[PDB]
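Between the sequences and the hints, there should be enough to build the whole structure, so can you do that?
2 protein chains.
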Amino acid sequence: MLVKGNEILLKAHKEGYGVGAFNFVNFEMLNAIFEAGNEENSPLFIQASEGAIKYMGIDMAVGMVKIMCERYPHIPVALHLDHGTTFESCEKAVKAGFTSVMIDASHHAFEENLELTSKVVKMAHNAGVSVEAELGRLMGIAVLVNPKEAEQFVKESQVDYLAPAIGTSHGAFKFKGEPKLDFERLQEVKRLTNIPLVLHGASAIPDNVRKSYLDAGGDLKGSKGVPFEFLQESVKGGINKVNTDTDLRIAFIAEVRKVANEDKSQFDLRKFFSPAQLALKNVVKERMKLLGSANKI
Amino acid sequence: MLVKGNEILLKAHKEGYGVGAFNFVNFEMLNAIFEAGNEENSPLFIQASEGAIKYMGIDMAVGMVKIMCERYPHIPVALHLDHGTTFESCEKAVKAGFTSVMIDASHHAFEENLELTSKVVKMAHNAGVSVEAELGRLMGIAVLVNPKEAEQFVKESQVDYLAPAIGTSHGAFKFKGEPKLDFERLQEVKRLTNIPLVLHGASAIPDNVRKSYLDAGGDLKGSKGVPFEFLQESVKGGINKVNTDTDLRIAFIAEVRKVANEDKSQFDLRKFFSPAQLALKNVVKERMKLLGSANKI
Ligand SMILES: O=C(COP(=O)(O)O)N(O)CCCCO
Ligand SMILES: O=C(COP(=O)(O)O)N(O)CCCCO
Ligand SMILES: [Cl-]
Ligand SMILES: [Cl-]
Ligand code: NA
Ligand code: NA
Ligand SMILES: [Zn+2]
Ligand SMILES: [Zn+2]
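So the sequence lines, in the order shown, correspond to chains U and L.
Residues in the first sequence are numbered from 18 upward in steps of one, following this note's numbering.
Residues in the second sequence are numbered from 18 upward in steps of one, following this note's numbering.
Honestly, the hints are just simulated from the structure, not real lab data.
Watch out, some of these pointers could steer you wrong.
Since the list can't tell identical chains apart, any single copy or any two copies may satisfy a pair.
Below, computed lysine-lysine pairings styled on DSS-like, alpha-carbon distance capped at 27 Å [claimed, not checked]:
(1) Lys241 - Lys288
(2) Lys281 - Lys71
(3) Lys241 - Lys136
(4) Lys83 - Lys21
(5) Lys253 - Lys109
(6) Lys31 - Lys241
(7) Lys228 - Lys281
Below, the structure is given as structure tokens:
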């Protein structure tokens, strides 16, 4: 059922697995993510960014998720506001029925980030909603999370989970040269905070997905994601929520491109989007197995 | 808000205009249809085929429509089961919260049609839901509607509206040679029944929509829809519900193709589906003005 984020992530923290947190912008993405969760017996974080909420309407974002949760009541699901940028944004999400919100003030000075995050936490905790915040700057290897800052930040804000920057970045172009992450830094943050941790920019760009996209005439020149083995290492190091969006998009649109390329007379939407859903579903299912949330219901 | 189909079509019948009935299969189509209704200040029939209901799930089909009705509470909307094929299908729709169902047994012999239609009407009227039936086979120019058949059919079945076959057909390829419809037959049917009438296969395939689809590499060789003038003539003749599906799909997919063509690196779903929604919304807006439902709220 729909539950507070911390219920799902505290279990993952206790047992040492990671739970994929998958973004959606419409019904097709949402359906595919739920079907994957049902097929792999996995709990789900379902995420909507502020841009996604504007596209859908916050009423429809929550409404669709509630319908899906009733379709699959045995699956623990948290509905999460990804990259909330203001107190008001988080407040609106809480009011609409989100069960988890991220307040992202990572680019503010430490004390400003802490003050804003603390303000969101007070509001969200009053409403039974969990909160994520961020420290460090998301970019490839000051910059990265400062573990002693994290220790103080978490203690003083009472935030439920923290996203520490350890060398990932958003999007399909995460690394020029060989992938590298600061796992020692991650482990120190985990020791000092002892809460669930969140990895942003965690898409892998898997080989089969890249191949699907390129085969359909797509251009992914230069793209590189987080290696599977690095995602596993991150979970061993204390990551329990693994934000994944780009992988889902590439897989889905590859299938849309393929149909568009091949059958010029095709305009039945379902013929584009059924294959697109299937590819997205399969990406999510494999990722659930990789991170270890498979079979945790 | 969500109202019985007859509430909308009786007003159309009384005041002599047509109300477009638009199919959807997902959030994008539905959102575009509602935004059109809102901008044109027009009542809406929103319909879902059994195929669309399979694709979405009936819980999601109805659920999304209810959320949209809450978003635009001032718009009269009927949620209509398009081409229901069995009593059980119509019953499932009624229980799920549809406010209008079509029982399509036009392929049965006249008395089989009447028997089945009468059973559906009894069940539907008992639940405050309106009913559409059909007489004639839906091909171009025995087959077409027999006005005397219609007279008896309506009086004894108590069906709320009737779809008489007068020369239209489903899909992009309605006519070889210049379009022709049997408006005399239409007018006779209206005179004998004096209820709201429904035109199926009413897509026009507008020049600008064709142009968009062809420009994006699509193939629509040999396609022809109902001329705008003919739709206007149908409404003058007593058509109050005008089923439109193909026009919407082509305009939508034309934009998806264009996006795929113009940027091989593009895989943000919103970048595909925002232009698609806009093209679909514009088709609907123009159709509402054409049929005369603009400003009828
Ligand atoms: O942390 C996440 C996931 O990042 P990604 O899926 O690109 O690895 N996000 O904030 C999503 C951003 C998508 C980039 O355009
Ligand atoms: O009457 C119609 C629509 O007719 P059109 O194909 O002209 O849009 N419908 O009932 C919708 C489904 C038919 C498939 O196209
Ligand atoms: Cl940030
Ligand atoms: Cl039929
Ligand atoms: Na997040
Ligand atoms: Na119909
Ligand atoms: Zn992120
Ligand atoms: Zn039809």
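Status of each hint after checking the structure:
Taking the shortest Cα distances, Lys241 and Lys288 sit within 27 Å of each other only across copies (22 Å), while inside one copy they are farther apart (30 Å). For the identical chains of this complex, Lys281 and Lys71 are inter-copy neighbours only, at 25 Å across copies versus 32 Å inside a copy, given an alpha-carbon limit of 27 Å. For the homomeric pair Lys241 and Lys136, neither the shortest alpha-carbon distance inside one copy (37 Å) nor that between copies (61 Å) is at most 27 Å. When the C-alpha separation of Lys83 and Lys21 is checked against a cutoff of 27 Å, the pair qualifies both within a copy, at 13 Å, and between copies, at 25 Å.
In this assembly of identical chains, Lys253 and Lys109 lie within 27 Å of each other by CA distance neither inside one copy nor across copies; the values are 35 Å within and 48 Å between. In the homo-oligomer, the alpha carbons of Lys31 and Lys241 never lie at most 27 Å apart, since the shortest distance is 31 Å inside one protomer and 64 Å across protomers. Taking the shortest alpha-carbon separations for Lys228 and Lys281, both the intra-copy value of 22 Å and the inter-copy value of 14 Å come in at or below 27 Å.
Checked against the numbered hints given earlier, the structure breaks hints 3, 5 and 6 and satisfies all the rest.
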